[PDB]
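So this first bit is one chain, no partners, the form deposited without this ligand, shown in C-alpha cells.
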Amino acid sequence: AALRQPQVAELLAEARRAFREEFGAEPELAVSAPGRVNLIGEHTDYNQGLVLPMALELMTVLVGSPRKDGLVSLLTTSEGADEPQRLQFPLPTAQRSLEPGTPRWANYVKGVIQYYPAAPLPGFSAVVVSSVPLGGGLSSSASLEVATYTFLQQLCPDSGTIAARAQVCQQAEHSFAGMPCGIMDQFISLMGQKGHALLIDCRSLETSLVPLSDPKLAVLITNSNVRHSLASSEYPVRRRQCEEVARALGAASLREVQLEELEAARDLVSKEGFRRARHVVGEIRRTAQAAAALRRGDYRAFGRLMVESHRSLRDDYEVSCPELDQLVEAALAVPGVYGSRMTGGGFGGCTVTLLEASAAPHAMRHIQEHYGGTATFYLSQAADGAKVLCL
C-alpha cells in the first residue's frame, strides 16, 4: 500500500450513480481534469519563470445535464469540503453577478461561471467526485476549476485558446477563492499528456513535452498530511517581496534578472529580499537544466537539481517546514533515490521523490519509519490533461 488511484471509468461510474440518486436521471455530459505535481521550478510561475509539472492520475470528474430554468444545482461527494456539500443559485446576469460566499468550496465553481467568456450559458445540475486530496498541495483547486471550465464548454463552446482558459481559471481563483496563484496549476491540468512532464515558460507560455516514462523510473509523492497556518498567509507576502526586488533592479520581472547580475547588486535590496530573488533566479536556471537532464535520461543530475531546489526553498525562500525537511531527509537516505524536495506552495503538503522503480517499496517503508507524523504515498505516472467523456 501506496494509496490507490481509481481509474476514470471507476470515478465516472461513482459520479453517474451519485447523480442518478441526487437528480433522479442519468447525466447527459461528463468531463475530467487532473491534479498536478511540480517536479521542479517552485515559486517561479508568478515571476514569469519556468516550471516542470506533470499531471497525476488523481482527478476530478464532473457529470451533469443542462436545465431550462437558469439554475445551477451542485453536489460534491468529497468530505474535505465545508458544509453544505450541496448548493443551488441562479446564473449571473449583467444585472446581478455571482459573489464569493459559503460554502467556500462552491466559490471555485461560481468563479469559473462568472468569468466563462462565452454565452449564453444554460443552468445545469452537476455532481463532482475527486481522487485529488482536498488541500494536500496536489492542486485539487485547479482540478475543480478546470473540470468546471471544461464542463461549461460542453454547454456553450468557447472560441479561445488553452492559455485563455487557464487565465479564466486563474482569475476565478484570485477573485472568488482569494488566493493569488500563478498559471502553473491550471496550465498543467489543461495541457498534461501521459508519459510526459511539461516545461512551461510562464512568460512566453511556450510548452515543451519532456518524456518521463521509463519502467526503471518512478515518481513518489509523499503527503506530509500537514498544513501549517502560514499557507493562507506568506504566499501573497513572497509574491509582493519578489515584485519589490524586481522594481529595485529595474526589471519587469525576476525572469529578466541574470543570476550573475543579482550577486553584483545585493546593496540595492534588503538581505531578506536578496535571498528571495536568489531562489527564483537560480530555480529558473535549475528548471531549464533539469528539463534537459530529464530528456537525456540523466536521473542523477535531475535528482541533484531537485535537492538544490529543496535547499533553496528551505533557507532562501523559507516556505518549507520541519515536516517537509524531515520527509526529504528520510528520502535521500534511501539507496536508489536520485532526489527529493518539497513540491507545491509548501508550508506543508507534499514532497516529490524521483527513484529507481525497484526501491519504491523500501523508500515507502523507510520514510514512514523516519517521519513523526502519518504520511500517505502515491506512486504516480504522468497523466493526460482535461478531457470530455462521451455518455
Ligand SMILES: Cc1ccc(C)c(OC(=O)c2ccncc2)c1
Given for the second form:
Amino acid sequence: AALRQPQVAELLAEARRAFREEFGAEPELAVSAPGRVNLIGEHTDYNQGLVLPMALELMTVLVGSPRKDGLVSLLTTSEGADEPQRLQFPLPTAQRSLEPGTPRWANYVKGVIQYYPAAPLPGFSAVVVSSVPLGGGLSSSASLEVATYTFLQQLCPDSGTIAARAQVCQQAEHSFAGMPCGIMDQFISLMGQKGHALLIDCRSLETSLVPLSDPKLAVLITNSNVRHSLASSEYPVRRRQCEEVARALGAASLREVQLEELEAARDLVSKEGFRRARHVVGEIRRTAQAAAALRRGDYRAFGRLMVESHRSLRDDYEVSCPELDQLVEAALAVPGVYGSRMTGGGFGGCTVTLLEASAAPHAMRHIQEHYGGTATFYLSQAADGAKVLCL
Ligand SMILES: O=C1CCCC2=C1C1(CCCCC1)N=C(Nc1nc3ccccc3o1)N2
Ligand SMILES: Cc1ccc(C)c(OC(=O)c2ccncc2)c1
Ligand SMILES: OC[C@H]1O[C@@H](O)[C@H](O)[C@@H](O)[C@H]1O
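Moving from the form deposited without this ligand, what structure would you give for the form deposited with this ligand bound?
Complete assembly follows, chain above in first position.
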C-alpha cells in the first residue's frame, strides 16, 4: 500500500472541476508535461555529456483559457504548494518584467512567461495540478515549466525547436527558481515517448528514442521521502568544480576529456577536482555503454554500469546520502534486481531499480519494512512527453 497509482484521468478531472468552480466557466485547453527518472547519466548534462532518462506517468496538468485583459490568474490545487494557492500578475512588458518571489511554485510559471520567445502572448486563467512528488527528485519543476510552455504555445504558437523550448524552461529554472540546472529534465519532459527511454547528447543535442522492449522487466522508483539541506547548496558547488578542471585541462567541457587524459593530468588539478571529473568522464562512458546495453537487451551490463553510476556518485561525486546508499545496497541484495542507483541530483529524492516485473512486488514488501525511513513506490511504464487536449 506504499505504491502510488498514477490516476491520470482523475488528475485532469480534478483540474477541470476546480477551474469551473474558480473562474465561472469550462476551461478551453488541457496540457500535460511529465516528471522524469534518469536511468543513468547523473551529473553529466551540464558537462555536455550523455543522459538516459525516461518520462513518468507522474505529470503536471494546466487547464485554462485565454483572457483579453493581459493578466495571468493562477490557482494551484497541489497539496505541497506553498501559500497562497493563487497568484495574479500582469504580463511582463518592455516597461515591467516579472520577478521571482512568493509563492515559490509560481516562480516557474513566471519564468517561462518572462522568457517565452513568441508574441503576442495574451493573458490567461489556469488551474495547475501535479502527481509529481514536489521536490522528491522526479523533476516536478521541469514538468510545471514544460506544462506552462506547452500552454503558452496554444495561446501563441512559437516557431522554434525542441532545444529552444528546453533552454527557455531551463532559463526560468536558473533566473526564477535560483537552480542552475542542465537541460536533462526539461528535454525529457518535452520529448518523452511512451515505451521509450531518451538518450540525450547534451553536446550536439541529438536525441535517440530507445524502445523499452522487454516487458518481462520493470523500473521501480523509490522515494526516500527525504531532502537534505546540502541538496540546494551542493549542486552548484559540483558544477563550479567540474568547470575548474575544464579550465585547467584546456578543455571547453569535460565531454572532450577521456579517463586516460585525466589520469595523466592529475598534477594540473585539485584532489577533489580530479575526483569530481573522474565521476563525470567516467559516467559519460558508462551511459554510452548503458544505451548500447539496452538496445542489445543486455539488461545485466546496464544493471552493473548503474551500480558503478551509484558508486561514482556516492564516493567520487559525493551527492548520495545514507538513505539513498541504503535503498541501493538494499535493492542490490534482491535476486532479479539488475541494478539500482540514486536518480536525479541526489542528497535525497528517489532511487531507480531495474528488475523483473514478477520480482518487483517482492521489493515493496522488503524495501518498506527493511528501509530506515518511509518508502513510496512508483512502478513506472515509460510515458509520453508534453501533450495537448482541446476541451
Ligand atoms: O521548495 C522546493 C525546493 C526545490 C524543489 C522544489 C520545491 C517546491 C517549490 C514550490 C512549492 C514548494 C515545493 N516545488 C517544486 N516544483 C513544483 N512545484 C509545483 C507546484 C504546482 C505544480 C507543480 C509543481 O512543481 N520544486
Ligand atoms: C536499461 C535497460 C536495458 C534493457 C531493458 C530490457 C530495459 O528495460 C526495458 O526494456 C523496459 C523497462 C521498463 N518497462 C518495460 C521495458 C532497460
Ligand atoms: O543528473 C543530475 C541532474 O540533477 C537534476 O536534478 C538537474 O535538474 C539535472 O539538470 C541534472 O544536473
